[PDB]
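One protein chain omitted, others in place.
Think of it as A, B, C, D, E, F, G, H and I in the order they're written, each chain with its own count starting at 1.
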């Protein structure tokens, strides 16, 4: 009995010479796990990864 | 009995010399897992990856 | 019986020479796990990773 | 019986020569685990990692 | 019976020559675990890691 | 008999060798063998001898 | 008989070797063998002898 | 008989060797073998002898 | 018989060796073997002898 769940995330990453340049923005290069059961509300935002709001 | 669930994410990545340049935006090059059961609401946003809102 | 849960996140990362330059923004290159059962509210924001709000 | 829980986060990272330069922003390159059961409120923000609000 | 709990965080990190330069901002490169059951309030902020508010 | 009068002679010489090598993730797995990845200069006037071997790079011999 | 009168001779010489090597993650796994990744200069006037070996780099011999 | 009158001779010489090596995470695993990653200069006038070996770098011999 | 009259001779010489090595996380694991990572200069006029070995770097011999 499982609801709103991330069970298993397995990542093997062997990068080499990685570089990231970001001006006034949002950059993600990793591992992100978000588990949420219930979110409610007007104009509401849930589970935003790399999100730019102007 | 499983609802709103990400069970297994397996990634093997052997990058080499990766570079990312982003100005005022959103860039994702990783692993993102989002599990949500119930989201409700007007103008609501759920599970946005690489999302630019102006 | 599991709800609103991240069970197992396993990451092996062997980077070498990684550099990150960010001006006035948000950058994430790691491992982020967020588990939330219930979030409620107008204009509310829950589980934002790499989020720029102007 | 588990709700609002992060069970197991396992990370092996063997970086070498990593450098991070950030001016007036937010940068995260580590391991962040946030578990919350219930958060409620207008204009409320919960679980923000790498979040810039202007 | 577990609610609002981070059980086990295990990290092995073998960095070498890491340097971080930050001007007027927020930078985190470590291990952060936050567990909260109930947070309530308008304009309230809970579990912010790398958060810049202007 | 060798007579040099007012002469200039270069005999058995490597004069100028210039090499630039840029790599990233160079990896070598070798079992019971010979792998050469370097820079090698060998200069010899006289090598004399039956069955002799001079200037071998990356050389495997299992003579039986 | 060797007679040099007012001569200039370079015999068995390596003059100038210049190398630049830039790597990142160089790794070598070697079992019962020979791996050479360096810079090697060998200069010899005279090597004399039956079955002799001069200037071997990365050399495996299992003569039986 | 060797006669040098007013001569300049370079015999068996390595003159100038210049090397720049920039690495990051160089790792070597070697079992029962020979691995050379360095800089080596060998200069010899005369090597004489049956079955002799002169100037070996990264050399494995299991002669039987 | 060797006669040098007013001569300049360089015999068996390594003149100038310049090396710059920049590393970070250099690690070496070696079992029953020979690993050389350094800088080596060997200069010899005369080496004489049957079965002789001169100027070996990273040398493994298990002669039987």
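To be clear about the criterion, a contact is a pair of C-beta atoms (placed from the backbone, for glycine too) under 8 Å apart; a residue touches a chain by one contact, two chains touch by 3 or more.
Participant: On subunit E, where is the contact patch with the chain that was removed from view?
Facilitator: The list for subunit E reads 16-17.
Participant: Considering the entire assembly, which residues of subunit I contact the chain that has been omitted?
Facilitator: Touching the missing chain: residues 1-64.
Heads up, the rule we're going with is that only the chains that are shown with their structure count from here on.
Participant: For subunit B and subunit H, what's the span in angstrom between their mean Cα positions?
Facilitator: Computed from C-alpha means, the inter-chain centre distance equals 57 Å.
Participant: Touching two or more other chains, which residues of subunit F qualify?
Facilitator: 4, 24-25, 34, 36, 45, 49
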